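Form deposited in one PDB entry, single chain, as structure tokens, below.
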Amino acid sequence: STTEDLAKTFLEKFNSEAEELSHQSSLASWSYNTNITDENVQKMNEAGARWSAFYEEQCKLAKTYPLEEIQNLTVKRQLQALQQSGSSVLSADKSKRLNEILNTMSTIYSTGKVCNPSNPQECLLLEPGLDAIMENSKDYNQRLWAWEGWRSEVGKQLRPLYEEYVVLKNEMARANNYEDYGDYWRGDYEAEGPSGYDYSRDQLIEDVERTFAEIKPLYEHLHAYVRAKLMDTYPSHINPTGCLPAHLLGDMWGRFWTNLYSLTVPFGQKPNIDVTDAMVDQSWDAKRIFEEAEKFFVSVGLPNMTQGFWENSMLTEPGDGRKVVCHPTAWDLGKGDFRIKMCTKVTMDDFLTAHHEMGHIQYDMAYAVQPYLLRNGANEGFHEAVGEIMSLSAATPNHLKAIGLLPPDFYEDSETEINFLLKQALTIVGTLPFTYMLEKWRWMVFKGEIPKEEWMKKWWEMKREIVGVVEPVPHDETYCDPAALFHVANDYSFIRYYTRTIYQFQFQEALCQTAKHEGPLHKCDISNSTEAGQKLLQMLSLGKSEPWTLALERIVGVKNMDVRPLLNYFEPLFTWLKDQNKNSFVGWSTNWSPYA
């Protein structure tokens, strides 16, 4: 009778056909990833094709039920997720060009290579090789050749394509009733919801900008400290009141400062905590590593893992003769099939990875009580934040003691704590400016507020003002440097990495208040807290079923981002950094440049 009834029936039929076709794609995708053969490439491709053909048909059919007459918000959410099609609104000649641009940009990034003026035959690719330079080299000129060459040989080629990409993508969004491609991306944070739980796509910018405001004083002092320490490494090319040269930031773009740790380490004599040797000395194996991880979730009230997990997962490099993908991936193959592919080594890092990937599996397992289309994270930021709070608790010296990898008498020293919170800042706080500025530029190019004639002028103006970062060599509009990063050439939103981060620490602060933690948050383990796993599981249960505002409020008590958590994790370092930067300038000038 009513349209809502027809929709429910429509959805029920979709779910039965989709669950099996998705599952079959997962299964073929798994057999390629655990058995790299040409035969399983075809079957992975063919199975994902059938599913992709099915998903598109259903999206078009779903548009046939008008959302205005759908009173059930859960039905509405599922229809909404389905109804969004994308480039389908564009004319087919256009759509082929857009995928022609997209595939060209991606191949240029993957097959791009740069050659040293010295030895005009030693040309190097990004991975491996250039990426090594940009992460390990301490030579100003070596790193410059890499940074400029990448933005020269590859960035210049991508420039005309990117300008076409903007126009076509903007029309696609304008046709889909969005102002620009940026508004289109910012809908992933939209929520209609009930009362107080709505979120506007424009409101995302407000909340990204007020929160980044509050991160800025911490970033400034981390920035002043790194500049000082780098002044010792590169004295000829660093100015104590100026921005930092972009080719000296520890990777090709300066997205993480993690590899500046050797040069910025506060107390280099004090070594880092590494239980690798203990695990080897206690004859630990992949099986033990993942068993400890299951125990960690059991301790907080969560599910044991499934027998399928244990039987069906790749938790060790196969050997046999099978070529495998060894990048750590948690799955959800559908239908109660929950697996991890890790080529797990007996190292502290892979111990910590296991805890993160089983926090994926555990999110996966809780939201499977949900309709197929309402079975992901509340937004694109929630899933990796859940994994992250699991590496945070499990690397605390108190966990590592209790599970027997740190002696019961372990010396927690203030210096080793500070050396830790630095390495964390260089990764976690480092990126928060890089991230915001990339996405502001893209959002503002897409809105048309940045002319094509000024693109890479505002780019580098904005890196100066916001990120505190300066162009080694000057760059004109024969350049697309935004797009010498993967995510920008391969058409992926970036603010996820910023949003993850603020959520991460909001979640931890609230789970650690339910476990009634006394003291520094950086030292919290939620182990043995049944109350915390209730709050956690009250979110994870929901999936994309309720507004993301309500999912947060159920862990954290608040409907939005708050950086007060992040800042309290790092407040230890803030104080140290400020006293270590008292006879230093804190901040940057937008004017100095290494070249003029």
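Residue numbers count along the first chain shown, from 1. If you superpose the two forms and keep the largest set of C-alpha atoms that fall within 1.5 Å, you have the rigid core. Compared with the form deposited in another entry:
Of the residues 369, 231, 89, 205, exactly one exceeds or equals a 2 Å C-alpha shift between the two forms once the rigid core is aligned, and that residue is 369. Core-superposed comparison between the two forms: CA of residue 129 displaced by less than 2 Å.
After superposition on the rigid core, displacement of the C-alpha of residue 433 between the two forms stays below 2 Å. With a cut-off of 2 Å and the rigid core superposed, residue 257 has a Cα displacement that falls short of the cut-off between the two forms.
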Given for the second form:
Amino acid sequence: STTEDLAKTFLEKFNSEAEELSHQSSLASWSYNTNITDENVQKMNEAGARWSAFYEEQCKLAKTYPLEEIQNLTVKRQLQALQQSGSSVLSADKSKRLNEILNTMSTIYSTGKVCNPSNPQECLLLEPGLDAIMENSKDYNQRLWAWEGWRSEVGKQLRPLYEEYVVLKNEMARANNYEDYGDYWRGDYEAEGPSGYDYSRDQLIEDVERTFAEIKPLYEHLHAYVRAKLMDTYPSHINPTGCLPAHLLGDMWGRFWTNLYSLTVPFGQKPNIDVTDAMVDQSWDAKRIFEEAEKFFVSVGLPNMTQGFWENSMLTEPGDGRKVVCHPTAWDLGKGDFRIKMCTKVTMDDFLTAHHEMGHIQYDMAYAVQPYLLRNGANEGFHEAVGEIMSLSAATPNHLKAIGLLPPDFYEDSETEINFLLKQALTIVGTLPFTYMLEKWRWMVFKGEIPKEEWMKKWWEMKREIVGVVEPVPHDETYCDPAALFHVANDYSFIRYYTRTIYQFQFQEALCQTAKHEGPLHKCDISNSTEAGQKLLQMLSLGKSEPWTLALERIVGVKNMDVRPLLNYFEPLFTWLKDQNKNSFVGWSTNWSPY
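The structure above corresponds to the form deposited in one PDB entry; please give the structure of the form deposited in another entry next.
Just this one chain is shown here; partners and other molecules are left out.
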């Protein structure tokens, strides 16, 4: 019978045995991630070893089915996907080393402690203590204790592991016939697709860089403005022409500057855009947050969350003493089981985060109508963009009002407009140069443009040029400070958090025109617009069945990233900053440092 028919046999087999083994692997990852205990680690491993076995075997039993010879462009898609992948081309011994390195890096990160030099029995973890310092503190020397303690006492530990890790993931890369791990990753963004729709994986860099250069001015001015204010708080530590000391930025990294809002708000006498204080004054619990998020999603005509979601999500840190993983994730366990894991606290941040994470669950619910192999977001940016679109509508002061978290007599004026677009720049515009640098470093280390004897040299050479951020303390190559960030130690591509950001405005533009919103798009709240709901759901439910380029054309005009809606969102703010900066020195010098 026709080889294409004979390959449908294969696909049908896969799409049955998979949906049991997937769910059972997912169910055991849940338990570990919800109850870290050595016997739940074991069960997790076993079931995932069942999955790995099957998947890597059926990858090879699918390469036997040649792609030119198949004409159905579903069975081509599905097969292509099975075929390609697999950290499977490695020695049983070298596969097993990777996974020890990987699991060690993960748990070194999970369990790292930085210890008061006054009380050696007092010893602090990122979650929950050190991140709380770095988010809340204003004390220059407490920030540096934490910032440095983390890098010196866990980043160092990470360094030898990280070196082996690049060696072996580079091997896994080249033995699946890519150039280096950096290339392996960039191929989430490869489309073969139809005519006029393809995209290669060496154009991601080009286009990331192209679009980043166009951001650089809005970011420079934001930067000027915030170093200007931070001086008011750390005078004698901040040079009005140098980069910004790294420990002072809001995170343990300065991934987002959001937590710098306190100090940089332009018009603070006005009602607080940051609605954390209102939430606490109104006794908002995590249930309240997730309910309100649900209700948003319903108002645009997208489904409410399934009973199973409310039965089995973990929406706070449990009180039974269990040790759990708090890093907020939106699980598709398959078989219609959808959950969230999230140690939620009463913060405009976890409120926006709940909207984001529930957006993930909606793309997840939508594409469950697609064959197992195609039920993934189009690229890794799409998934996180759909999430951030919800935050875009849910953070606008208008929606804040109608929720209750702004007093009933509230009315926008040009001062609160600027307030909003500053916070939403700290969070959005701020993370753009961080995300580009971290991954340029990674991609270049992977290419081997950067040898081991420059790993921390180039890092802080690039962090000072691209990002405008300076180590407070010298770091030799005994450190691996990149691996002091979750995503790096847990082996996750990071460029998704850049592509998400250019898309989330492209998409928002589209939906707002379909929501027949006039006026500035930063005043768009697609809330109550069932028509925009439909338009979004129509992409959501395609999953990976089409190229990501084609999937842009459906909702947005173009078939590639376009930084223009992002520039227009922030144009008000661009003009206020540019005024607010004339008698200031915009840009930095990579030469000054606090030491």
